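So the chains spell out like this:
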Amino acid sequence: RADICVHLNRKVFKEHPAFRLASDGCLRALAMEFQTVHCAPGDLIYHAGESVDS
Amino acid sequence: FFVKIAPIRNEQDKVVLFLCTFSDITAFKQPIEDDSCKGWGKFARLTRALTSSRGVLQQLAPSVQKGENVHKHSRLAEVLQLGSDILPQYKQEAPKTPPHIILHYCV
Amino acid sequence: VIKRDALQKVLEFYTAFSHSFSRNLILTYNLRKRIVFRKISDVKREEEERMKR
Amino acid sequence: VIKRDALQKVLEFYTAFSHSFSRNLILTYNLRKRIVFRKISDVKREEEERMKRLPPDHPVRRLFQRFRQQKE
Amino acid sequence: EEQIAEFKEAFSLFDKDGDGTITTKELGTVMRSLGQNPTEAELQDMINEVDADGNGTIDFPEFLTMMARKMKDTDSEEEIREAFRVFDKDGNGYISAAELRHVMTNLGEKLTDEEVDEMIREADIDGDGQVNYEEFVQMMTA
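Keeping their order, the protein sequence lines are chains A, B, C, D and E. Numbering follows full-length UniProt numbering, in which position 28 of the first sequence is assigned residue number 564; successive positions increment by one, without gaps. Numbering follows full-length UniProt numbering, in which position 50 of the second sequence is assigned residue number 158; successive positions increment by one, without gaps. Numbering follows full-length UniProt numbering, in which position 47 of the third sequence is assigned residue number 690; successive positions increment by one, without gaps. Quick note on numbering: the fourth sequence equals residues 644 to 696, 704 to 722 in full-length UniProt numbering. Numbering follows full-length UniProt numbering, in which position 46 of the fifth sequence is assigned residue number 52; successive positions increment by one, without gaps.
Source of the hints: derived by calculation from the structure; they are not laboratory data. Be aware that one or more of the hints could be misleading.
Said to hold, decoys possible - Below, in silico cross-link-like pairs of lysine-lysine (DSBU-like), each with a Cα-Cα straight-line distance of 35 Å or less: (1) C:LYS687 x B:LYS122; (2) D:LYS676 x C:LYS652; (3) E:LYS95 x D:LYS682; (4) B:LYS122 x B:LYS112; (5) E:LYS22 x B:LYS137; (6) B:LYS150 x B:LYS137; (7) C:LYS676 x B:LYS199; (8) E:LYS76 x B:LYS146; (9) A:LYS550 x B:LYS199; (10) E:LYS22 x E:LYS76; (11) B:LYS199 x C:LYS682; (12) A:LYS550 x C:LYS652; (13) E:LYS14 x E:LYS78; (14) B:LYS112 x A:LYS547; (15) D:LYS646 x D:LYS676; (16) D:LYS652 x C:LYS646.
As the list claims (entries may be wrong) - Every beta carbon over 10 Å from chain D, so not counted as near; a handful from chain E, in silico: (17) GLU8; (18) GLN50; (19) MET52; (20) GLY62; (21) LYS78.
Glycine residues also receive a C-beta, built at the ideal position from the N, C-alpha and C atoms.
Looking at chain A on its own, in the form it has when it is part of the complex:
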């Protein structure tokens, strides 16, 4: 499951400079918690006033 999650978030971990130094275990841990969202055109994610929790 962890491996699958990692594979899914390969676009995150390989591109960004944050996770290049990150350990394998750490990466695995991260992957489990990472969701993914497919927002539509003109579909707003955060609205002014809403809680910034992610």
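Using the hints, position chains B, C, D and E against chain A.
Here is chains B, C, D and E on its own, set in the frame of chain A:
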């Protein structure tokens, strides 16, 4: 910097966003330096800086003389093209399909 | 996206990594901070008003 | 396998048993502890190097000192 | 060190014939293309200035020194880089435990293998028995 400015219209016909493309005219225009090891070094640095214009677009130019007449201008022509390609207006528009083609989901 | 709590937990678990993460991860835009600005139309209006009183 | 929290709870509940458990249960291998070792190839390489062969000590001297301090 | 290898494209572009030796004629041609007409004497002088061997030409190695001179890195960076270099005997962007031990021995300050291992572990985060530049910088700053 060859700064090619362009104002972007809107779906409501009003101006809303700006665009400004850049390009290095270091080796092309003239040499000036505050501090340097030598002139040659400076030149080298300039060359390094200005790779995008002189490397790929103006690659038939380094053999033939007088690049300011055609080459730089030509490079600027990309920007000019952009001027048209930077009139999509930031409008929530339909998918752009070429003429002589019918859609998959049309009536 | 990743929920803050989970992320925090992860960071706590991997202490040496946390610092590195902090150093690296520059947010492209913080949703916390306000931006100070005026609109051009408003400025124009203000200018216009200036000449009256 | 058994999750630690649950096990802990169980142990707390059965106090007299906990001590016994502690006495008995010798882990075949702890995943917490590090093992100190060198590889043979590396050793060989080192040996080989041995037969071949102060100013930049001050930037590293400080580091060494820090390490020493940490040690205590 | 890293971005200096990506410079080779420029060098290639500069060379017309493709012999790994920047001729004066080629330089002149380039200048003409650019839109400036200096004399050959000036070019010769320039060549003399940078090149070491002095055979009416110069290679990429020759250029390298000049490039280095041009660079001018930060003071901290300079120090840290030097330290890294001293540590890494081979010079491959990575410092093994054995290498570290060797350097310690060279220095004079003796420590146990276990201690060294512990130090390495402390340094490292990703866990690959080795330390990167970023990782190295962690210890010097804090």
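* Would the pair B:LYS122 and B:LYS112 pass a check requiring their Cα atoms to be no farther apart than 35 Å? -> Holds, at roughly 21 Å.
* Asked: Within 35 Å, alpha carbon to alpha carbon, are E:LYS22 and B:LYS137?
  -> Holds. E:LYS22 to B:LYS137 sits at ~23 Å (cutoff 35 Å).
* Under the criterion that the straight-line Cα-Cα distance not exceed 35 Å, is the pair E:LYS14, E:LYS78 satisfied? -> Measuring from Cα to Cα gives roughly 20 Å; hence the hint holds.
* For the pair supplied as a hint, C:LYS687 and B:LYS122, is the alpha-carbon distance within the 35 Å limit? -> 17 Å, holds
* **Pair hint outcome, E:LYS76 versus B:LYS146 [Cα-Cα no greater than 35 Å]** => Holds. E:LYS76 to B:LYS146 sits at ~9 Å (cutoff 35 Å).
* Asked: Hey, D:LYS676 versus C:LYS652, does the alpha-carbon distance stay inside 35 Å?
  -> 23 Å, holds
* For the pair supplied as a hint, E:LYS22 and E:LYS76, confirm whether the alpha-carbon distance does not exceed 35 Å. => Answer holds: E:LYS22 to E:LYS76 is near 25 Å, not above 35 Å.
* **Distance rule for E:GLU8, whose beta carbon must clear each one in chain D by more than 10 Å** => Nearest chain D Cβ is 22 Å from E:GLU8, so the label holds.
* Asked: Given the hint that B:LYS112 pairs with A:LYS547, does the C-alpha gap stay at or below 35 Å?
  -> 34 Å, holds
* When you check the alpha-carbon spacing of D:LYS652 and C:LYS646, does it fall within 35 Å? -> 29 Å, holds
* Asked: Taken at face value, is the distance from the CA of C:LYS682 to the CA of B:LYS199 at most 35 Å?
  -> Holds - the C-alpha atoms of C:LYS682 and B:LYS199 are around 21 Å apart, at most 35 Å.
* Given the proposed pairing of B:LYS150 with B:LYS137, does the C-alpha separation stay at or below 35 Å? -> 14 Å, holds
In this structure, every one of the numbered hints holds.
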